[PDB]
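Chain by chain, the residues run as shown.
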Amino acid sequence: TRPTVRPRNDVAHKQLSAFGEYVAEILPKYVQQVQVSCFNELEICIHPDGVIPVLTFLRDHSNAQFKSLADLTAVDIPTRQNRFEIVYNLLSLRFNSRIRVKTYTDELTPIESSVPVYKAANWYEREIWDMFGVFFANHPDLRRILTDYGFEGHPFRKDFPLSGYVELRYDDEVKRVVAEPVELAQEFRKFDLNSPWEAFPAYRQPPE
Amino acid sequence: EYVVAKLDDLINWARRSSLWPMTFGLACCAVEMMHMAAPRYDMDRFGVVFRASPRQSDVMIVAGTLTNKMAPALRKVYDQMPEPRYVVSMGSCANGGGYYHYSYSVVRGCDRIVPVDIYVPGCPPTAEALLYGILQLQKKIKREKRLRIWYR
Amino acid sequence: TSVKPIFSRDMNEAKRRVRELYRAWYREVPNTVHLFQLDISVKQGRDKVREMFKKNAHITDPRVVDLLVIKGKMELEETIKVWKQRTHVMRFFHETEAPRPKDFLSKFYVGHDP
Amino acid sequence: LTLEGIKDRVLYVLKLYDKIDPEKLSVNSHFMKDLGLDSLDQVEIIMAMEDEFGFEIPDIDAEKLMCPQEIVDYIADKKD
Amino acid sequence: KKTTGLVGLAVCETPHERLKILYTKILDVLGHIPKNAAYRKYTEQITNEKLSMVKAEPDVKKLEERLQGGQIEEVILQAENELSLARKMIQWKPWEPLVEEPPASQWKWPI
Amino acid sequence: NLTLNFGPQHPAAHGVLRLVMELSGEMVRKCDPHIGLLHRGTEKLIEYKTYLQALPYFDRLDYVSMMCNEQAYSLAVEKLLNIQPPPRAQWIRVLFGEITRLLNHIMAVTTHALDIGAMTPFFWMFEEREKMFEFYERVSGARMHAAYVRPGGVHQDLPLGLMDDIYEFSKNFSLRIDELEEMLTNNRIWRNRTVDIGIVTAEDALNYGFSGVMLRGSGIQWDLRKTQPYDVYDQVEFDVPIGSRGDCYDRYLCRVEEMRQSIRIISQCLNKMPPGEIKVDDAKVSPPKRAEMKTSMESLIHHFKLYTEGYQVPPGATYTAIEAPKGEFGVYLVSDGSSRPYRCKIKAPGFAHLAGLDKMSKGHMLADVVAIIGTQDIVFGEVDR
Amino acid sequence: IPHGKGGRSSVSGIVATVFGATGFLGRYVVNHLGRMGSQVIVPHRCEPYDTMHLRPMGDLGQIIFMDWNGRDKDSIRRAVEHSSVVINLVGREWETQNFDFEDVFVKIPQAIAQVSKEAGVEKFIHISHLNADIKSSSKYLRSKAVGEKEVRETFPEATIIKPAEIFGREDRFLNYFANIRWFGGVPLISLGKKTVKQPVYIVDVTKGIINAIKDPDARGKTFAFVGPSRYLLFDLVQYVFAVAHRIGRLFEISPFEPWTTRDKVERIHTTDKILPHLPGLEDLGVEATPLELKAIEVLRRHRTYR
Ligand SMILES: NC(=O)c1ccc[n+]([C@@H]2O[C@H](COP(=O)([O-])OP(=O)(O)OC[C@H]3O[C@@H](n4cnc5c(N)ncnc54)[C@H](OP(=O)(O)O)[C@@H]3O)[C@@H](O)[C@H]2O)c1
Ligand code: SF4
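Sequences listed follow chains C, P, X, F, W, H and G, in order.
Counting in UniProt numbering, the final residue of the first sequence is number 252, and the numbers go up one at a time with none missing.
Counting in UniProt numbering, the final residue of the second sequence is number 215, and the numbers go up one at a time with none missing.
Counting in UniProt numbering, the final residue of the third sequence is number 128, and the numbers go up one at a time with none missing.
Counting in UniProt numbering, the final residue of the fourth sequence is number 153, and the numbers go up one at a time with none missing.
Counting in UniProt numbering, the final residue of the fifth sequence is number 116, and the numbers go up one at a time with none missing.
Counting in UniProt numbering, the final residue of the sixth sequence is number 463, and the numbers go up one at a time with none missing.
Take the seventh sequence: its letters are residues 41 to 286, 301 to 360, numbered as in UniProt numbering.
Here chain C stands alone, though its shape is the one from the complex:
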């Protein structure tokens, strides 16, 4: 249209529309939704029964190398009736292509972990346990990383408030550094920022 607008391309939008299509064709057992992003990204929605073999299928091939496990993350979504959302991100070395794996779950239902499939998930997989409580299956060493020793909260979900309950202080009553209920000097004034009038036409909801 003009300068100062991102020039999109169609070549990568073509092959990523082409490549991911016959992925669901050759495993119609686990794949439940595939979508192409408008900027050359791919999602393969997978029910977590096939958490191991689909990775194991992308672990090796002759048309898809994909042996660079970059990113394990975790996203919570309340009001979904199955809250959490484990999302991978893996890289083909020989092909320069990004693709993500979106696998939902719930809290108490475990997930067969990727421990034999990848050995870069040694510290990433434990993190979701410490922050959410998503108990992955058959991990050789589940422990506590990046949190303090006495928490019971799994803080990165939404019901855990901004401060905890555990504002710490010292006294010379004997020697100890003792815990106490939390007390702030200031509210953290919470604003109200959502302007009305719906700046977006394309993502318009079903109007019910």
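You may find that some hints are simply not true.
With a straight-line Cα cutoff of 27 angstroms, these simulated DSSO-like cross-link-like pairs (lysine-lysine) come out [unchecked claim]:
(1) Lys-55(W) with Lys-111(C)
(2) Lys-85(X) with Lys-202(C)
(3) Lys-179(G) with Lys-189(G)
(4) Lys-113(W) with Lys-122(H)
(5) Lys-108(H) with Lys-87(X)
(6) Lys-139(P) with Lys-95(X)
(7) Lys-92(F) with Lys-62(X)
(8) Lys-113(W) with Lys-127(H)
(9) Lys-202(C) with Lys-132(P)
(10) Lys-247(G) with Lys-121(X)
(11) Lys-80(F) with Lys-68(X)
(12) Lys-132(P) with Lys-423(H)
(13) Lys-92(F) with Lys-29(X)
(14) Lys-362(H) with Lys-58(C)
(15) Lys-362(H) with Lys-127(H)
(16) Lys-111(C) with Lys-66(W)
(17) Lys-189(G) with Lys-219(C)
Label pairs and their in silico Cβ distance ranges [unchecked claim]:
(18) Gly-110(G) with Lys-234(C): 23 to 29 angstroms
(19) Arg-100(X) with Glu-196(C): 17 to 23 angstroms
(20) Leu-237(C) with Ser-81(P): 36 to 42 angstroms
(21) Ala-229(C) with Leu-70(P): 41 to 47 angstroms
(22) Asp-53(X) with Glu-196(C): 36 to 42 angstroms
(23) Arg-111(G) with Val-96(X): 52 to 58 angstroms
(24) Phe-21(X) with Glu-196(C): 17 to 23 angstroms
(25) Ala-181(C) with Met-371(H): 54 to 60 angstroms
Since the hints were derived computationally from the structure, they do not count as laboratory data.
Just so you know, even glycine gets a beta-carbon here, dropped at the ideal spot from N, CA and C.
With the hints as your guide, set chains P, X, F, W, H and G with the ligands onto chain C.
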């Protein structure tokens, strides 16, 4: 007495002439102190030597941001110091914990644990106001040891 | 429930597991009290152990108790070794905290109904 | 080797505990159907044989004894 | 050459027939799978595409072209794992249809 | 076996990273370190801020990078907003984006050479480093931590100067890198201090998910610097170093040649900059100028509202990564559709680069282990991802 | 008036003033007063550095430091002009080389029985001792009971507190024992007749003040501090060497902070289990502490494990 009070103009001068500091590198306020060690604003030989073992310290410096996993380890090193000690904390995250201040796991203040004497403000204090804080500290030593047991 | 469990199946692989590590705590309470160099009586520690197990006895559903098993076992990893430097073990006892009133006439003179 | 030898050792375990049992050192204190305890406190009864006379308690038999006869009986086949 | 570029492997040893066994090693195991999934339809397609250009021509350097892997010893590893891939295709069953459809509104993004 | 925790010791380096050592007499064979000394509550904290207001908390994520961080954020936001940045602005993001690599690759050698215990190459190079912070103060706002890159391109134009200064600076730097060549390369003892240490070269050197150096310098040729573009970054000419074997001394010799590339690129970038503007013109993202927000009516309503709330970002997930001077830099920025973003999960190096210390360490001494760590160039506060 | 929880950063209404407060007793009392939160006004005598370890108890703005001598008047008046209550605990052992040491328990409690009382304070509380009697023993033990009556003329209702001997961490009486590494460990004086007094525990001391500080109605009705169960024995001296297994002084050393072979040695061996008709501790409840549990803490010698 003119005879006895003349003596503490040597001893309370001698302690403000040789300070052997510890530094706790934790966050981005550690890096700027290294440039004070770099010989532009050469920190050595203006009264004060470089790094030193944890035993032989007088002036401890907390720099950066404290977490609850470090609140026990701070007090234990603070016990092992000898008696005429002083605590001086640089960095705006050692005075109220900067921002990160409303977070669930950051020590609010670095004052509810140790008693600190001189507060330098700022995300990084630019190794320009920090020598000014140290000359403030030697200016703070105008105290006396005589006319304390000579009074009471 | 269309969901697979963690370890137990129904209440009988469960309730034998909560009894199981109780002995591991029970020989641990005299073991650590001379180790972490703190000074209370050792029977207070055995009272606080059974304090924790008995309070959560209002569960009639598996894999939640089993979820507490993983929580209960992970406590012993720092405990048998030395990963709680003389504070976290003292954190179990609300010692220097002022007492909550918990009485209606006592609440009424102090507080806007907390 | 005396089968009376493990009879004395078992029958001052229970009253050495200062809890529930009011000098009922009888062989028929049938443990929460006669004697009356907590579900956890049964496991603490089994505990004092590792140090007194020495004993392992390897298996689910601690969930099986339920009477101080069978405690002697499970040490009976253990010993003689 | 004595170093294979990519450090961690060794030129071990002979091209043109170490490969030629391992393609044909897969094709015999490939026939074992029941043919309803298109996994056979593409995997047997590319191996016959590969082995036709593999067998049997000089040199090692010419075989690098028209066979888009790394060096030729690493092209072993391109199909080494693929032999370990296809034998586990008998163990689980991807040719079976879909299982556990999500409850009808989950993959909608704006809450 | 003795279970010493040589870590919390404030023995120079960086008094942190407290770990265990189940050493088998003299060899280690088991190392299980602990992290979490600074967790800081970062990823939870951003969930209440807006886009422009949350921006310096990316800056304080390293200790060193000031323009390579926030390079991984605006480029992670401008894709969502359908904007290419204006062409004068792209020549500055490559200039300061190829000047922070002349801060890591000075600090990544000297601080490694201080744990080892050499004194004089620590003072011989930071005294030359002072000639470079005068740039940061002259252009943006402060000593180090500069909220300078915005989502609307560059904040403001660099003033008169800074072109006969950088050319003055960069024409006298290769003599200083020829100093440390005499200090460490031709020396034998430091070579004897690091040869065949940390030989990790197999496909588990990539199955551990490592980013660059402690990659390609050990073998596998790949980088994000000429297979994936950023800005005007492919229109310059350079090469990428590869070492011979898979040890630390053949990932050390990447960094000498790496600094010999950033001098070429700066001396190539200065010849090609056109005059132009700074910000994006459509002003739903960039603020208007100060001489404009005092005259017209249209300027204030697209000024006063643009600071109460932020932008209007469309929904849909996104992801990117760029070359941090020690690795990749993953940002999986979940957008919701308002002025305040949703989840913002970051991947920093050190998750891979220090979990693989278990493989790398064993079979070796205890004095080896401190010499291992200063080769990966691990900075804490950055392992807070 | 109070507000919210008194965990920290509250108001709680009260505004106290604690003199002395540099020794073992006066420090540990205030460490409760900055927990519930109030305007604690502590003036110190001549010591800027010796209050450094005190500050991290009051949160922020709650404590304040001033200078005063005591023989001056307005320095004891300018500070106390805005408060509600005031306690005092000032005093020490042996006579100074410059002071007078008699009127310090007479005119110095009178110096704050000055316009201080007239200014509008209430619930003024002084300290006593259980053994301070008008009898001819001792030079320090008596002349404390002189202040108990001659200054009792002023402040007609006070509830002056009367403690027994105290044991805590860094006192003098219990640390007089086991600091006797010597060529002979002799008791006082090779006899098990009168030993011992009533060692009340230090948490009970600081708990008695905070209950009485808004009790109400505790003025004039003076109180006594019960000790442990029950009198005590000679076994205490043997109890030391059994389980132990046998601050602004100067720049080098103080020339005279001695063991004082004078009337120091008799001020403790004069037990005087006094009148039980004082209410005085259990009614100001609740204080119940044994000795056998708190003895591990304060004693510290070379074994440290077994
Ligand atoms: N309850 C008991 O068992 C017991 C036992 C022995 C003594 N006492 C007496 O009860 C109180 C307990 O004191 P403590 O155990 O904490 O030891 P302490 O060191 O005597 O504390 C009392 C404070 O009074 C200060 N002081 C002494 N003379 C002073 C003067 N002329 N002017 C101003 N301040 C003076 C002292 O030093 P500064 O001048 O530096 O402030 C000290 O800080 C004292 O009065 C003590 O004589 C009680
Ligand atoms: S905010 Fe200040 S104290 Fe915190 S990391 Fe940055 S410079 Fe250091």
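Hints and how they fare:
Using a Cα cut-off of 27 angstroms, the hinted pair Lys-55(W) and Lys-111(C) holds, with the two alpha carbons roughly 22 angstroms apart. Restraint check for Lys-85(X) and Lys-202(C): the C-alpha separation of about 21 angstroms stays at or below 27 angstroms, so the hint holds. The suggested pairing of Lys-179(G) with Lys-189(G) holds, with an alpha-carbon distance near 17 angstroms, which does not exceed 27 angstroms. With a C-alpha separation of about 24 angstroms, the suggested pairing of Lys-113(W) with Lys-122(H) holds against the 27 angstroms cut-off.
Between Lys-108(H) and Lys-87(X) the CA atoms are separated by roughly 23 angstroms; this keeps the pair inside 27 angstroms, and the hint holds. Taking the CA atoms of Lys-139(P) and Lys-95(X), the gap is near 20 angstroms; set against the 27 angstroms cutoff, the hint holds. The straight-line distance between the Cα atoms of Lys-92(F) and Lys-62(X) is roughly 16 angstroms, inside the 27 angstroms bound, and the hint therefore holds. Pair hint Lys-113(W) plus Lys-127(H) holds up; C-alpha atoms about 25 angstroms apart against a cutoff of 27 angstroms.
Between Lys-202(C) and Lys-132(P) the alpha-carbon distance is near 23 angstroms, which keeps this suggested pair within the 27 angstroms criterion. Using a Cα cut-off of 27 angstroms, the hinted pair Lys-247(G) and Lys-121(X) holds, with the two alpha carbons roughly 21 angstroms apart. Proximity of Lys-80(F) to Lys-68(X) is assessed by CA-CA distance (about 33 angstroms); at most 27 angstroms being required, the pair is judged violated. At roughly 23 angstroms between alpha-carbon atoms, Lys-132(P) and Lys-423(H) fall within 27 angstroms of each other, so this suggested pair holds.
With a C-alpha separation of about 23 angstroms, the suggested pairing of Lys-92(F) with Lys-29(X) holds against the 27 angstroms cut-off. At most 27 angstroms may separate the alpha-carbon atoms for a hinted pair to count; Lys-362(H) and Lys-58(C) exceed this at roughly 32 angstroms. With a CA separation close to 19 angstroms, the supplied pair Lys-362(H) and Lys-127(H) stays within the 27 angstroms bound. As the CA atoms of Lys-111(C) and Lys-66(W) are separated by approximately 26 angstroms, the hinted pair is consistent with the 27 angstroms bound.
In summary, the hint linking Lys-189(G) to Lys-219(C) is not supported, as the alpha carbons are separated by about 40 angstroms, beyond the 27 angstroms threshold. For the pair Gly-110(G) and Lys-234(C), the supplied restraint of 23 to 29 angstroms is violated, since their beta-carbon distance comes to about 52 angstroms. The beta-carbon spacing between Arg-100(X) and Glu-196(C), approximately 21 angstroms, falls within the hinted interval of 17 to 23 angstroms. Range check, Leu-237(C) to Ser-81(P): Cβ separation about 56 angstroms, and the 36 to 42 angstroms hint is violated.
At about 45 angstroms, the beta-carbon gap between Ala-229(C) and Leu-70(P) stays in the expected band of 41 to 47 angstroms. Between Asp-53(X) and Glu-196(C) the CB atoms are about 27 angstroms apart, so this pair departs from the stated range of 36 to 42 angstroms. Between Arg-111(G) and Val-96(X) the beta carbons are some 55 angstroms apart, a value that agrees with the proposed interval 52 to 58 angstroms. Hint check: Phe-21(X) to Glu-196(C), Cβ distance near 21 angstroms, so the stated range 17 to 23 angstroms holds.
At roughly 58 angstroms, the beta carbons of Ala-181(C) and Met-371(H) sit within the given window of 54 to 60 angstroms.
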